[PDB]
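Protein chains: 4
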Amino acid sequence: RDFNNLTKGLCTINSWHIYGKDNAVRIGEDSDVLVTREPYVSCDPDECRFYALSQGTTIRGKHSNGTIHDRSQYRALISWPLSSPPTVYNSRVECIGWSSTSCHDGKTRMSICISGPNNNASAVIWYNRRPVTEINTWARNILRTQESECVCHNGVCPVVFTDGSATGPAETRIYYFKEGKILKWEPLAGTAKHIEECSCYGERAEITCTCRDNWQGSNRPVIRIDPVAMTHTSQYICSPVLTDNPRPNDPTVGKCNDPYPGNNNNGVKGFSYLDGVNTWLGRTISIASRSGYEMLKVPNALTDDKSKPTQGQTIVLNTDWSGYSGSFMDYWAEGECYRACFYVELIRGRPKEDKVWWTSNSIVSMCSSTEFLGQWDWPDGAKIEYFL
Amino acid sequence: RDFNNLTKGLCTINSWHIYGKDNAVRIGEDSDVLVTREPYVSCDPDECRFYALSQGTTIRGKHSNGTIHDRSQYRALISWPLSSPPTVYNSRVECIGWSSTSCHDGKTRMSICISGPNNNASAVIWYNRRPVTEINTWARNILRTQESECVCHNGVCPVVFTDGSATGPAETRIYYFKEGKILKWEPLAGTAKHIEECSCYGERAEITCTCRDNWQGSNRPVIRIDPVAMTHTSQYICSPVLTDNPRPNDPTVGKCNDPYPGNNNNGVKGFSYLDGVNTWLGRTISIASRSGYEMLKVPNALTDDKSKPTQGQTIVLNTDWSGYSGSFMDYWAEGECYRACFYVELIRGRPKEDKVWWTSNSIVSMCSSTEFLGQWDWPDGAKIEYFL
Amino acid sequence: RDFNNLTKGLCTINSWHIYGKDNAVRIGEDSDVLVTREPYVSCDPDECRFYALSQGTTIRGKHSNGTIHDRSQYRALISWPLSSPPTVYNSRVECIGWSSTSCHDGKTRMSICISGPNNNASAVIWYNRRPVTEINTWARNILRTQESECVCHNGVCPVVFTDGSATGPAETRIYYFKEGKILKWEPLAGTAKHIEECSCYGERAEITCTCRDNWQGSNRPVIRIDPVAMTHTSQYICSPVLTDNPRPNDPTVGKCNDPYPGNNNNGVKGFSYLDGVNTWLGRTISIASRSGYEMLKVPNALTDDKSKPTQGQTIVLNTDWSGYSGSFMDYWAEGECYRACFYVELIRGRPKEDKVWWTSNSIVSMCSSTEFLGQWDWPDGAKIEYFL
Amino acid sequence: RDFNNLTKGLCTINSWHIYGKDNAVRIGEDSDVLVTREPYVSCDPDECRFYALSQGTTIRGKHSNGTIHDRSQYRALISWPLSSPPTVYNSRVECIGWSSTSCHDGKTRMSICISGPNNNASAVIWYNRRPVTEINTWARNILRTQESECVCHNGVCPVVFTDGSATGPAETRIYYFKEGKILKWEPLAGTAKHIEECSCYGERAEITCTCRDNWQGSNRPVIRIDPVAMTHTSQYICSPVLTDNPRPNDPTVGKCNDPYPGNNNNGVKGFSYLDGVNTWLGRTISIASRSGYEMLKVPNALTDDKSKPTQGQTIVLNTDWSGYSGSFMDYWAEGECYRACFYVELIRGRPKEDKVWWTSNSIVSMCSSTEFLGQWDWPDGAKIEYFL
Ligand SMILES: *[C@@H]1O[C@H](CO)[C@@H](O[C@@H]2O[C@H](CO)[C@@H](O[C@@H]3O[C@H](CO[C@H]4O[C@H](CO[C@H]5O[C@H](CO)[C@@H](O)[C@H](O)[C@@H]5O)[C@@H](O)[C@H](O[C@H]5O[C@H](CO)[C@@H](O)[C@H](O)[C@@H]5O)[C@@H]4O)[C@@H](O)[C@H](O[C@H]4O[C@H](CO)[C@@H](O)[C@H](O)[C@@H]4O[C@H]4O[C@H](CO)[C@@H](O)[C@H](O)[C@@H]4O[C@H]4O[C@H](CO)[C@@H](O)[C@H](O)[C@@H]4O)[C@@H]3O)[C@H](O)[C@H]2NC(C)=O)[C@H](O)[C@H]1NC(C)=O
Ligand SMILES: *[C@@H]1O[C@H](CO)[C@@H](O[C@@H]2O[C@H](CO)[C@@H](O[C@@H]3O[C@H](CO[C@H]4O[C@H](CO[C@H]5O[C@H](CO)[C@@H](O)[C@H](O)[C@@H]5O)[C@@H](O)[C@H](O[C@H]5O[C@H](CO)[C@@H](O)[C@H](O)[C@@H]5O)[C@@H]4O)[C@@H](O)[C@H](O[C@H]4O[C@H](CO)[C@@H](O)[C@H](O)[C@@H]4O[C@H]4O[C@H](CO)[C@@H](O)[C@H](O)[C@@H]4O[C@H]4O[C@H](CO)[C@@H](O)[C@H](O)[C@@H]4O)[C@@H]3O)[C@H](O)[C@H]2NC(C)=O)[C@H](O)[C@H]1NC(C)=O
Ligand SMILES: *[C@@H]1O[C@H](CO)[C@@H](O[C@@H]2O[C@H](CO)[C@@H](O[C@@H]3O[C@H](CO[C@H]4O[C@H](CO[C@H]5O[C@H](CO)[C@@H](O)[C@H](O)[C@@H]5O)[C@@H](O)[C@H](O[C@H]5O[C@H](CO)[C@@H](O)[C@H](O)[C@@H]5O)[C@@H]4O)[C@@H](O)[C@H](O[C@H]4O[C@H](CO)[C@@H](O)[C@H](O)[C@@H]4O[C@H]4O[C@H](CO)[C@@H](O)[C@H](O)[C@@H]4O[C@H]4O[C@H](CO)[C@@H](O)[C@H](O)[C@@H]4O)[C@@H]3O)[C@H](O)[C@H]2NC(C)=O)[C@H](O)[C@H]1NC(C)=O
Ligand SMILES: *[C@@H]1O[C@H](CO)[C@@H](O[C@@H]2O[C@H](CO)[C@@H](O[C@@H]3O[C@H](CO[C@H]4O[C@H](CO[C@H]5O[C@H](CO)[C@@H](O)[C@H](O)[C@@H]5O)[C@@H](O)[C@H](O[C@H]5O[C@H](CO)[C@@H](O)[C@H](O)[C@@H]5O)[C@@H]4O)[C@@H](O)[C@H](O[C@H]4O[C@H](CO)[C@@H](O)[C@H](O)[C@@H]4O[C@H]4O[C@H](CO)[C@@H](O)[C@H](O)[C@@H]4O[C@H]4O[C@H](CO)[C@@H](O)[C@H](O)[C@@H]4O)[C@@H]3O)[C@H](O)[C@H]2NC(C)=O)[C@H](O)[C@H]1NC(C)=O
Ligand SMILES: CC(=O)N[C@@H]1[C@@H](O)[C@@H](F)[C@](F)(C(=O)O)O[C@H]1[C@H](O)CCO
Ligand SMILES: CC(=O)N[C@@H]1[C@@H](O)[C@@H](F)[C@](F)(C(=O)O)O[C@H]1[C@H](O)CCO
Ligand SMILES: CC(=O)N[C@@H]1[C@@H](O)[C@@H](F)[C@](F)(C(=O)O)O[C@H]1[C@H](O)CCO
Ligand SMILES: [Ca+2]
Ligand SMILES: [Ca+2]
Ligand SMILES: [Ca+2]
Ligand SMILES: [Ca+2]
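Residue numbers (PDB author numbering), protein chains in the order written: chain A, 82 to 469; chain B, 82 to 469; chain C, 82 to 469; chain D, 82 to 469.
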């Protein structure tokens, strides 16, 4: 009916409670579950759904061979009911492509899928499930976007894209859409030196995105967007609690305005909630690989270059595989505050488990509680030996 | 539109007619049916559905091995259309966990799932399909709840939980929720010495729950809740017709205010309708194992310590497997009275049928008739040899 | 919104056009299609659906063995979208049992399922998808009903039941329901000597049912019901064009008020439209077995004991299997007249094709045209050898 | 609510962006995907869907053997959600037959299916999902229609049919339907000598159809219909850019009013958008077989017998299989102009890939952009060796 406005602050995060989990790889061992990766969660005013990029084959299907590859003509953004698995029969295709974002503005949903060969990709922006706008590649090198939900305020839904090198300077743009049309775009500004796969959330008329500096940084760049002024800033999380992967060991002092060095030309999509003392960071447990996942309460991580954890919660054990992670909230919930949520992609198969010829994932997702809840760990749960 | 009020009495129960049956194990021999256990039935104002705890794998799936276990990260409360089986493609996840309850208040549904390791479990209370409240374990020993529907009156939906030992005193609480928020909770009072898995129904502004004393009692404890005053009482069914399992042979006199002794540290979820002469008790036929199921009309069972059956109906033959059973009613039906209903869980596989490596169930459910109807028996119907 | 009234006459039937066909046995060779038999079609004001009695297993499932049997605890009335097959995932259970009828009254649907052992069966009458009324067996010998849709007028939906012998006099009753409640019932009157499986249609405030005299008659009994007066009459179709199966060869003169003799203790559900010159009869082509199906225009068949065909249409070749057939119309269509429709059940498997251990069917259905359309034949289409 | 009127012109076509793709053959290797051919796309005011003719078996099913044949009793027009595959469980049958068209008039949808033996076929015209009108064969030789969407204006939906020889003069008629009823029909007029499988679109109260002259022409006939006057004209595309298949090499001058000769008794359904300088033609890349697909901008193709391409876009590489192609638009989109769209059928299996015994297809579909977007190619993507 009316466009949603970001009028609330974050609820106090004292722990994380289980929100959804689809067990897709367990179930897909013997049912028609699509191979996916790059999953996320996003809410409409009346429903919240799981999203991901299909690979256009089931996991048991012979076409699952080769699905380690990120980009093909067979990928599409799909959505499906919360905590069900992405099956052939219940998955709704939002648009065709191999990089995506999607968000609801309070009236209807915008979905964006990018497709094409590496040197000639284009984004199509869908609004109310019809294509409205198209954007051609500007740097001819894998035009790509968030892989988790965008955020809207009064109809304005900013979206971060990158086109150019994954291993040196690239051309990142912030587009401000409304009803699927471009109001404005700007080149990246501020002190973030490289941006990929931004994870975003909105509170009190500001949108905060935690991104991946693939080039040099093991601290995460942060873009903050004013969706009214349609302007932004960028920096890094100051905290020495480093949250990319792979990454070096944690130091005692981080960097606010430069990449924290040690690891080049690699990373993983991740996220954080940056809200003064109410600040929580996600990271893999392993510094070397996408294994384990934990949440750490790091008061003032964004601005305090010596901030260390005051509390934490393990999400996935270090003996279990993790993957991309990202933020979403139910902007249409009851109550006085927005409840922070996140998902973690649990990647199975190649390259770490190469006795199968496929790569897929399942999803686990949590939201914050004002209680101090007991923790469990939440592995994918599938036995790779069953697929042999 | 408005909250439902328990304004009607029970219809006269003169027999039981078949209401629903999903044949899940028969069908799941060759289709994508999820492994479940702890099923139940619950109605919305416009639909009634089957509910259960998924095990996050199909029955033919290789992950069905090990599903005798009650608690894993792969379980969730699911619902699906009445008398269909719980399949991968038609099952709707209500929330994630390994103990649950759910009920509709006339406006929308509350669902509660508990998850966690044994010493650190938490309940999440969902209302209008969003998480609202969380409750951490208080005794650090398998926080657990009804495994069948709760009941609401004017928006107040009491729920019984237990945390603590299954084989000695435990800490049982009655929470009174409204819109997913805690109005009040109380510790168990009265003469029931141990409470698990309460089966509840509502009539004339009172809610009656028939529970399982796992510790000492082969008679069933009964909690009666006034959802206006938000107060309760507890006792046992007085009747010598004993209704837990396993249990000793029936005596001639029961116990009103103490466990009837003979069997320790075991039991099964069960139910009854306690309404003066219109009183019917469910039980397994076998005193030793979860086989068979019958309904017995035991006038004044609750209050008369010498009451014996005046009528009965066999539901499941003693040569067929039964399991948990519980009560629900369609509070939104037409007419002057609430029609008592129940389900029986028909457990197949381990431990009684150990040539398969799984444990699952199907559901049969009946409601009362004012006629004296002919009886059939209603087995699960699957042939275990087909799964070998 | 308002109850439907039978205010229109039949459209002129000049031929039959294809309406629906599900190819269930072809498709079910390699997908999760339920075994059924006793199918039919029925319309709501906004949709028309296929109906049948499930056998509670898929066709490829190992539980399909033994499905020649008519009555088990695993059967249910299911419905599913027009011309789709009855699958595990798209079939909606209306009620549990092994004999059924269903019709919409303009406001909501009534469905009736009978279940039980042979000597102790009961009907449950569901209205607005809730059980309302129950009827116990009166003759203790397979209480059974139409196996095709009932018809309503101003909320009154008459239903024909039989209880008693299939091979001698039985006790047939016409119940007049409204909102699932019994307004009245009457014992069969008139000159029909035995009634089973009535096929009904309504026009100009009268309901006509064409039934099966299993005992002695190879002509079909006809019940005509006034749903306002709640009274009926019965006789036989006068025509020498005999329409039961098996049956003797056609004579030159039929019988109006007695069974036409020659074949005892057998028959098949069938139907006709009896409307003066606009009269069409269905029958199997074979006099000996359920093979082939044809429509014959037999002016005044009901009343003229020498009436012979003036036109016809082959529906199923004599080299293809047929089965039960029955009538329905879309009472909520546009226009000035009700368009006659019918289905034919195409039975596959046992007893005629005994290299498989199952029995199932698919459905073909046609409606009348005022054109003189070209005919095709419409076989089930499945290859039994594929199932070996 | 009101009938749609064709009040807009075409948007400027500067390139084509990906719209939908179902990957049906890849997915159907290991899931219950129906065999189809003759697919298309059509929109309702609130949804756009894929359509095709089922063959009434899954691809892995043993009944897929023999599905090279165009006409059987097992075919039906089905629809399913955009970019999902046509599965047993999500496909909605529109009507039964082996040639079809369908379109929405702004109020509800008309669907037309033709069935029958070759010498005795009939069309049934469905409106608001009920049969309304029937049309018997007039030339007794495979009555057949568009195999892609029709177009409506103020309730009038013209439809082109052909009955008669595929290899000499035939009898083509334009029927003008409204609410499923025949307002008028006319025989083909103008200079087109043979018409099959018209692909249509509407703009500014005129409907343009690009058809297939199977008899003599390798240029495509064009019918232009005034749906207010209910009159039409026909000619050929003048352009030497020849767009049927198979076809001779392109000359320098085409023919406006006669078939361009070179290839007899063959062709493929195809389409074009004819709008002065904004004119784009589809064709296979190969002159000999249904391989590859490209779009060429050929200003004034309809009227200029020397027009050559000024721009183009490859859709499918010449090393990949193509098939039928056709036009549709979303008439209910926002904005000032109608966005041209098309699909291409990607045929797999027989006759070109005869190591499998089946023939099926997947779908790819694009719509126009006012940007000059980078191109990719969009193959079916399935590996035939996996099906062996
Ligand atoms: C039932 O469930 C409940 C609820 O979940 C469970 O309770 C939870 O238990 C977990 C596990 O213990 C806790 O998570 C950890 O939290 C600590 C932070 O809390 C500690 O420190 C606080 C701050 O201390 C500072 O200030 C205070 C005064 O302000 C001062 O006293 C102190 O000296 C210091 O200067 C303390 O306030 C806090 O105490 C409070 O809480 C206690 C309960 O935990 C209670 O006992 C106290 O009385 C008091 O109330 C407490 O001491 C996190 O630091 C920790 O995270 C580190 O460790 C894990 C490994 O366990 C690691 O994975 C993390 O990455 C992180 O450590 C790495 O990073 C650091 C920062 O750079 C670095 O310093 C470390 O060396 C280490 O780095 C290495 O590994 C990383 C990752 O691989 C790598 O990248 C690096 O390169 C390097 O190799 C955990 O998050 C929960 O907070 C707690 N929750 C609650 C509500 O209590 C309960 O256990 C369950 N019950 C059962 C029976 O199972
Ligand atoms: C078509 O369908 C219809 C409808 O379903 C079928 O009819 C049904 O038939 C069934 C099976 O017979 C009946 O169920 C049983 O009901 C009896 C209760 O009814 C009897 O007793 C009544 C009360 O008697 C007392 O009062 C009267 C006067 O008030 C006095 O005369 C009498 O002496 C006594 O003091 C009688 O009123 C009643 O008579 C009436 O109804 C008759 C019809 O049944 C009719 O003939 C009469 O004229 C009159 O109208 C009748 O006599 C239940 O007692 C019984 O349940 C016990 O038995 C089964 C085994 O069959 C068992 O599983 C139960 O658990 C239970 O027995 C155990 O528990 C007892 C209590 O503690 C204990 O005392 C027993 O020793 C036994 O305990 C052992 O086993 C248990 C369980 O394993 C274990 O835990 C213990 O430790 C121990 O080992 C049945 O429920 C239906 O009521 C009846 N329904 C109707 C409407 O009629 C019909 O059969 C079908 N037709 C066909 C052709 O198949
Ligand atoms: C394209 O499609 C079109 C449309 O579908 C196809 O045209 C259709 O063609 C079929 C097949 O031919 C026709 O079906 C048959 O219809 C006849 C009835 O029509 C005939 O008889 C009419 C009445 O005759 C009487 O009155 C007139 C004057 O009023 C008088 O002249 C006459 O002597 C007699 O006294 C005639 O009016 C009618 O003529 C009209 O139509 C003609 C077109 O057909 C046209 O040529 C004429 O000029 C004129 O306009 C015509 O002669 C049915 O009788 C017949 O059904 C019998 O036969 C089939 C076997 O074919 C059988 O299965 C049936 O059960 C039935 O025969 C059995 O039952 C009889 C009754 O008891 C019994 O008498 C028989 O001995 C036989 O009994 C045996 O078998 C049964 C069953 O196994 C068993 O139970 C018994 O015991 C015993 O063993 C067909 O239904 C369509 O009507 C026709 N439709 C149209 C609109 O034309 C066209 O063919 C297709 N084109 C192509 C190229 O394929
Ligand atoms: C990133 O993506 C972008 C966007 O997709 C990619 O850029 C696209 O690149 C493709 C491939 O190159 C282009 O498609 C072709 O377009 C040409 C038409 O454009 C050319 O000609 C125009 C008209 O020329 C005439 O007028 C001008 C002045 O008005 C005059 O100068 C000239 O001499 C002539 O008289 C030129 O205007 C145009 O130039 C413009 O654009 C250029 C970019 O392309 C730029 O460089 C220029 O500066 C200027 O701005 C350009 O020269 C089509 O002709 C062509 O289609 C033919 O060729 C393909 C094979 O490639 C074939 O399949 C087609 O069927 C067709 O050729 C057949 O048919 C002809 C007509 O009958 C016949 O003449 C031919 O002999 C041939 O016939 C044979 O094959 C067929 C089919 O098998 C058979 O039936 C016959 O019998 C016979 O055997 C392509 O469609 C895109 O237009 C271009 N898009 C854009 C926006 O730029 C970019 O490449 C990608 N980047 C990367 C890095 O990959
Ligand atoms: C899930 C898992 O086993 N993660 C381990 C993790 O438990 C650690 F032991 C680790 F050494 C690590 O990289 O931290 O290796 C991970 C993994 O073996 C990477 C190379 O294959
Ligand atoms: C479908 C079919 O083959 N029907 C034939 C039919 O074609 C006839 F040849 C028949 F002899 C018949 O009963 O009429 O036999 C039927 C069948 O063989 C019954 C005994 O098995
Ligand atoms: C898809 C494909 O391989 N198309 C080729 C295509 O690449 C060409 F090489 C062609 F020679 C052609 O017909 O143009 O043959 C097609 C095909 O082999 C037809 C006879 O089998
Ligand atoms: Ca990095
Ligand atoms: Ca006990
Ligand atoms: Ca008979
Ligand atoms: Ca041609």
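Rather than coming from a laboratory, the hints here were simulated on the basis of the structure. It is possible that some hints are incorrect.
[What the hints assert, rightly or not] Distance condition first, Cα-Cα at most 30 Å in a straight line; then the derived DSS-like pairs of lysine-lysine:
(1) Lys436/C - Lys464/B
(2) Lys89/C - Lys464/B
(3) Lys389/C - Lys143/C
(4) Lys464/D - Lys464/A
(5) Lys274/D - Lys387/D
(6) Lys259/C - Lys89/B
(7) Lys464/D - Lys433/A
(8) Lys262/B - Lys143/B
(9) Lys274/D - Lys378/D
(10) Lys378/B - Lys436/C
(11) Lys274/D - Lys262/A
(12) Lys188/A - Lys259/D
(13) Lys378/B - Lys143/B
We went through each hint and held it up to the structure:
Restraint check for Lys436/C and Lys464/B: the C-alpha separation of about 22 Å stays at or below 30 Å, so the hint holds. Distance hint between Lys89/C and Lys464/B is unfulfilled; the C-alpha atoms sit about 52 Å from each other, more than 30 Å. A C-alpha spacing of about 48 Å is found between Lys389/C and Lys143/C, which places the hinted pair above 30 Å, so the restraint is violated. Only pairs whose Cα atoms come within 30 Å are accepted, and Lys464/D paired with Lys464/A is accepted, the gap being roughly 28 Å.
Proximity of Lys274/D to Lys387/D is assessed by CA-CA distance (about 21 Å); at most 30 Å being required, the pair is judged to hold. Distance restraint check for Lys259/C and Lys89/B: the Cα-Cα separation of roughly 23 Å lies within the 30 Å cut-off, and the hinted pair is therefore satisfied. About 26 Å separates the Cα atoms of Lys464/D and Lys433/A, which keeps this hinted pair within 30 Å; it holds. A C-alpha spacing of about 40 Å is found between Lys262/B and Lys143/B, which places the hinted pair above 30 Å, so the restraint is violated.
The suggested pairing of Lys274/D with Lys378/D holds, with an alpha-carbon distance near 26 Å, which does not exceed 30 Å. Simply put, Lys378/B and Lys436/C have alpha-carbon atoms about 49 Å apart, too far for the 30 Å limit, and the pair is violated. Straight-line distance between C-alpha atoms of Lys274/D and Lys262/A comes to about 46 Å, which puts the hinted pair past the 30 Å bound. Of the supplied pair hints, the one linking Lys188/A and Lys259/D is violated, its CA atoms being roughly 34 Å apart against a limit of 30 Å.
For a cut-off of 30 Å, the pair hint linking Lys378/B to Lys143/B is broken: about 44 Å separates their Cα positions.
Figure legend: structure checked against the earlier numbered hints; hints not met, in rising order: 2, 3, 8, 10, 11, 12 and 13.
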